[PDB]
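Of the protein chains in this complex, all but one are displayed in their positions.
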Amino acid sequence: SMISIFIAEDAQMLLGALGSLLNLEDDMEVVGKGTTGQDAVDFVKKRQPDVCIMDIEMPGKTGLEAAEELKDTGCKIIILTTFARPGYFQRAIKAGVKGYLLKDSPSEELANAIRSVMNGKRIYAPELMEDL
Amino acid sequence: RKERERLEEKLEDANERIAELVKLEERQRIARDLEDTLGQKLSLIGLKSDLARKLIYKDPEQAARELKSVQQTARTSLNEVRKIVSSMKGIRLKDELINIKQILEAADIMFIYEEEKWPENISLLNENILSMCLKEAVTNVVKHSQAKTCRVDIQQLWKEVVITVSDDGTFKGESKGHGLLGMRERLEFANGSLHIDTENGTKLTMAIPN
Partner (left out) sequence: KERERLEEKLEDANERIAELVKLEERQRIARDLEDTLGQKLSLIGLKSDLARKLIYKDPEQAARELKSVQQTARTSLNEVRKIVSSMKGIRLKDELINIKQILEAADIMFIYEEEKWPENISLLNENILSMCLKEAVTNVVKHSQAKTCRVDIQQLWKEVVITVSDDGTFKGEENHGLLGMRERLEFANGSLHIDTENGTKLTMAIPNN
């Protein structure tokens, strides 16, 4: 009924603002927060949240590396990036991420992608697909 | 005689190719830094302003706190761009050079200058005074000379920066609080000088210590 979400973002300002923006939803709940890819692997393998919001560039293990370690878990991973750097998209689809969105997405569109991902859909930003 | 001239172009071009590579190496470095700083801060600004809107009615005190942070982040983000110049000396006069080029082109007066000659080791105060004087010398050319050409020379000669502004129009003067007295007073207060030639058009020679 309530979507449990873990957020992995190394920038505390954004990690805190994302949690605040997602906790405003009636059907969502931020059950944990992390700043590294290992924090995400540790929480998802232990607590098993419905969704894991994953930044790419983080210290230790990137969100893409963390997504590869959680590929065969039942957690739906949504990647968030500011820039669409080459190979990120191909590595994201090969790791089986359910969403690949922009950090600067309006909260309305982010919550909608979380619902679509929970409905089994794959939500990828057109900007991020390395063919325009 | 002329195989030396043709050999120096190979030297100039080879140096230019290497310079283009150093330029590009720097360009890539700034591109990474922008992505990290500005990019991050703009994403945050967008998010906090979205969250702040969501709290207008629910928690107005929290919305205010978010807006204070958005304000700060935007101000510092402009300061980062202002900082990536490496707080160089020579900027104010270089910006005034751009202003006078636009003004003279808009007035259909040919502007003759050379950017390769603009002193760098000038104090910020004396640079600002020269910018004021350069602006006024060109304003006078546009307003009064009726010139078709205006020549600006900026040279570091001995322990002074000397700016000459000349035009091919006609001098119209024969005073208190106006540009010519104003420039002379400001320059002289900074231990500089202003001289004028009104025979072949009008030529101002301003000097300031450096």
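Each chain carries a letter (A and B) given by its place in the written order, and its residues are counted from 1.
Convention: contacts are C-beta pairs under 8 Å (C-beta built on N, C-alpha and C of every residue); 3 or more make two chains touch, one makes a residue touch a chain.
Note on the undisplayed chain: of the listed residues B:70, B:147, B:152 or B:207, the one touching it is B:70. Checked against the full complex, the one of B:50, B:136 or B:167 touching the unshown chain is B:50. Although one chain is not displayed, its contacts with chain B can still be listed: residues 14, 17-19, 21-28, 30-31, 34-35, 38-39, 42-43, 45-46, 49-50, 52-53, 56-57, 60, 63-64, 67-68, 70-71, 74-75, 77-78, 81-82, 84-86, 88, 91, 94. In the full complex, the hidden chain is touched by chain A at residues 82-84, 86, 104, 106.
Following the convention adopted for this analysis, only the chains that are shown with their structure count from here on.
Taking the mean of the C-alpha atoms as each chain's centre, chain A and chain B sit 45 Å apart.
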